[PDB]
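S.K.: Make the full structure from the sequences, and use the hints.
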Amino acid sequence: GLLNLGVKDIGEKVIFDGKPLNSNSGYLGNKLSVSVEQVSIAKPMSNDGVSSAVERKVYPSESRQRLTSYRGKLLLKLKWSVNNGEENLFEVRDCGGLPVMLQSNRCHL
Amino acid sequence: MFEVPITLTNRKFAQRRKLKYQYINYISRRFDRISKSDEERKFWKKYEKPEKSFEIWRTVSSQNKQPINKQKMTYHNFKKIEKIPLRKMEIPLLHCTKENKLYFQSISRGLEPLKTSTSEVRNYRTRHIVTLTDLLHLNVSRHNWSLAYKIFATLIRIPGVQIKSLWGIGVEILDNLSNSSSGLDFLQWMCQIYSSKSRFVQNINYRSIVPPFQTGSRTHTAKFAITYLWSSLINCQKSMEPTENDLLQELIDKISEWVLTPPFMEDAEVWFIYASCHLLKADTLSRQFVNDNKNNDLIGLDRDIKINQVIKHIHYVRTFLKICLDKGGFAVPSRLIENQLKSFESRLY
Amino acid sequence: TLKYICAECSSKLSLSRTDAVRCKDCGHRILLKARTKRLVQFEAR
Amino acid sequence: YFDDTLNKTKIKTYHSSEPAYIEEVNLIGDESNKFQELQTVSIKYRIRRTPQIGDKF
Amino acid sequence: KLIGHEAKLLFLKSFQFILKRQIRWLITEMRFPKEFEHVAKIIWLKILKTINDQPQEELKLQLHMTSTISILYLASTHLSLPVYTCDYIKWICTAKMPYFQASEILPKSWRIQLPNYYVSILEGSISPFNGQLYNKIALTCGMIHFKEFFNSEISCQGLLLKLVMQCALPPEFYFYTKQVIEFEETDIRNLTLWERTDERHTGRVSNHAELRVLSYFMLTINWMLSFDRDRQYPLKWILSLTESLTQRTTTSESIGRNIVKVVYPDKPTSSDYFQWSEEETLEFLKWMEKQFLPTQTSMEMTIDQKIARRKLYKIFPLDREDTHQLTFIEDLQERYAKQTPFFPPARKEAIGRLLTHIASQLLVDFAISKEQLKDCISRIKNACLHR
Ligand SMILES: [Zn+2]
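Residue numbers (the authors' numbering), protein chains in the order written: chain E, 59 to 80, 86 to 172; chain F, 1 to 36, 121 to 326, 337 to 443; chain L, 26 to 70; chain A, 861 to 917; chain B, 94 to 390, 399 to 422, 431, 433 to 453, 469 to 512.
Possibly wrong hints are sitting among the right ones.
[What the hints assert, rightly or not] For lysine-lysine, the following BS3-like pairs were computed, each having C-alpha atoms within a straight-line distance of at most 30 Å:
1. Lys183(B) with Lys448(B)
2. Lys136(E) with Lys412(B)
3. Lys172(F) with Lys71(E)
4. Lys360(B) with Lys20(F)
5. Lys140(E) with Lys281(F)
6. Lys415(B) with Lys28(L)
[Claimed, not checked] If you only want the chain B side, here are some residues facing chain L, beta carbon under 8 Å, derived:
7. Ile404
8. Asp405
9. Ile408
What the hints contain is simulated information worked out from the structure, not anything from laboratory work.
C-beta atoms are modelled at their ideal positions from N, C-alpha and C, and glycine is treated no differently.
M.R.: The following block contains the structure:
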């Protein structure tokens, strides 16, 4: 999908901790490459009291009656690459509720 | 004799633990040296956790950590380490019950207790429950369906059931119960009854629910949720290809509602089971367009729109099988599935 | 008995100042206040 | 409603040029963590509009 | 939520309450008119008398789970309607008593009356160990000065009957044992309930009359059987009485004794647990689906935790996703017939074989002491040889 191509195009954001090491003084030796591999979107759900509850599908009728937004959990697989590959870290981070379009591939209808 | 549904009468067992650990950190320490409540939490902080399974089984082939150190145990050397931790166990041994004094003096000699803590508890509610948990297990060990169901149904109405054997004998009794229910329903009720989408491991003394057989929704798979999907694909297979259908789609959309977080998030059968449901959806469509060129003499029947719908799928399923391998798979014998899929493609020609 | 219908299960109920604003039969958090036998006059135009 | 700080029975008045009728009253505890006091209510007013001189057609 | 004296007053009150509920089921089960009811009242009126006196801030009272039945036991003894072991087994089997769980009350509120070193400890804490059952009956007699107040304590020619029918209904053994009782059993006089063991050490003086009745019962069988010189009881006859017995259904009774066995104590019935003769298995689950419901009713939980629960039960729904079994005297008759055939080292072994069995039975209804029992046995053994 277009969004995964977009995140494949943003690439990396590199930062060097000023790798002290005591080339090791102008080649640092402190590479940190941060990127985003995947981006996932989930259909609207609401769990109350937090987690320990049974989840229910959230419908547009609910968002209208409640006079609230119709949000889907936005998740994105964060890639935390250390020393250009010395250490790879994956994390699925939840980025709050992205409003989903009705009758789209992300609305229950 | 079998595993009981309840938090273990927390009375003497909790102070026996104190004395066990406190001795192990004392004796352990003076070893750690001669090689130069909290104390139970510190014991677990001194050797990590077991993760998502049972026994930190991991290979047998990589690092040859050459372990020799000649044995290093001169009866004389053990009693140098031990002579001081035992006198420091006394001070708290005094403050402990006469039963826990010798319980400690037994395990510090290396004797093990033939007195199962679950063979003494004296509580009304409890003890019955031991009778029911044992009756049900003796009734499935002879397949008594009509009686195992009654004991199971009473066992959960009594206040002492943590999914436990309820999810592991509650599906076994509904497969053996030729009558009402598809472990499935019960399996899908469980899935919603402990998604535990929260990544909780380690920290506190899990001694109320150890069993990687209830828990998860963090990382550590749930095995009733994996069994729900496996039982669901086997429930789709029976009498397909032998609008009220949907099931093989219901399972494509119920596994998609996931698409990693905890399950997608973690790899394997999640991906693999999905592809397997997807691979079955490819056959069924080759059958429904197979026998003697589709059904028979040709198709003329506009293009083969049906071949293109199937080749799209076959190409997709090879993507799901590949990402399941790449991400460290643990169960797909790729050679056989690729040969089956190519020979099955031959049918589509 | 005052009445409140669950917006999603249709189950009638009678909320009190001492209960959670939730459908006790489904778990919904939206309740339609039920109509009752209450007199209203109307000019027929 | 009643606020303990004011020890008074207060009301939200209806302010309009014309009368209406209450069509639906919906009690909202939703999106809340507990909020059991039922502090959000949605009230729908029905205003009938008879064709009248000056109405556009 | 009350601590101290008034917390105690309602802990007192609640105790007051459940005993009364206990007594009225008492009447319905036994239909023993005003009489059973009023004697029981004043008994506790008498018990209350002393509690007030050592008050000030005396909190030694809060009676144990057992004190209540000791009270009903003492009062019955007055009336001398029944027996202890029988009463206890019957009560457990049918949950006749509200004894097991203390949620009943009329408390809802007494429940919340917080616990205050009390109310929570009441109703259903644990099942009795050894004497322990009486280790308080004596104390109550102590509090009560019961023997002076009430006539004929511990007695019952009915416990003997209960016991002979209990198994080897050997009609003759009723007055065999009645005779040895006649003998040195308190100078041929009906054993009265022991005294008000005032002392807190609760020494094992074994004056609990029944305990001795069972002892004479066992002894009688052994002696009489040991020396039946005339050979009135055939070699092959003794084991037959054993083969016939070793288990079987029960027109309610044996099913009950299974339910008591399931306090899984010293492992004498534990294995019965294991074995549990087929149906015994079945009528067990029946009695669990009827009398375990007397189980319970999480609170609040937004209906949520509860609903889910309801659904789950909706799920396994179940409870059905010669009237066959027989009565007590039917079973009794049929094994008395199963021995229908009446008219060295081995028999001694068989006799010991049989005595262990009864030791199991009589001991199992009661506080046992896989040796006090015999300590008890030992005692009168000694008592006897002063002819
Ligand atoms: Zn509802």
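S.K.: Is the interface hint for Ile408(B) satisfied, with its Cβ closer than 8 Å to some Cβ of chain L?
M.R.: Holds - the Cβ of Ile408(B) comes within 8 Å of chain L, reaching about 6 Å at its closest.
S.K.: Does the alpha-carbon distance linking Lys183(B) and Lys448(B) stay inside the 30 Å limit?
M.R.: holds (26 Å)
S.K.: Would you check the hint for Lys360(B) and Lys20(F), treating anything up to 30 Å between C-alpha atoms as holding?
M.R.: holds (28 Å)
S.K.: Grab the minimum C-beta distance from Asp405(B) to chain L and call the hint holds if it beats 8 Å, violated otherwise.
M.R.: Holds: closest Cβ of chain L sits about 6 Å from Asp405(B), inside 8 Å.
S.K.: Should the interface hint for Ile404(B) be scored as holding, given a Cβ-Cβ cut-off of 8 Å against chain L?
M.R.: Since chain L brings a Cβ to about 4 Å from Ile404(B), closer than 8 Å, the hint holds.
S.K.: Do the alpha carbons of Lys136(E) and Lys412(B) lie within 30 Å of each other, as the hint requires?
M.R.: This hinted pair holds, its Cα atoms lying about 28 Å apart.
S.K.: Given the proposed pairing of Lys415(B) with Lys28(L), does the C-alpha separation stay at or below 30 Å?
M.R.: holds (26 Å)
S.K.: Would the pair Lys140(E) and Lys281(F) pass a check requiring their Cα atoms to be no farther apart than 30 Å?
M.R.: Holds. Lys140(E) to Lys281(F) sits at ~16 Å (cutoff 30 Å).
S.K.: CA of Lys172(F) to CA of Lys71(E), is that 30 Å or under?
M.R.: Violated. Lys172(F) to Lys71(E) sits at ~56 Å, over the 30 Å cutoff.
Checked against the numbered hints listed earlier, the structure breaks hint 3 alone; every other hint is satisfied.
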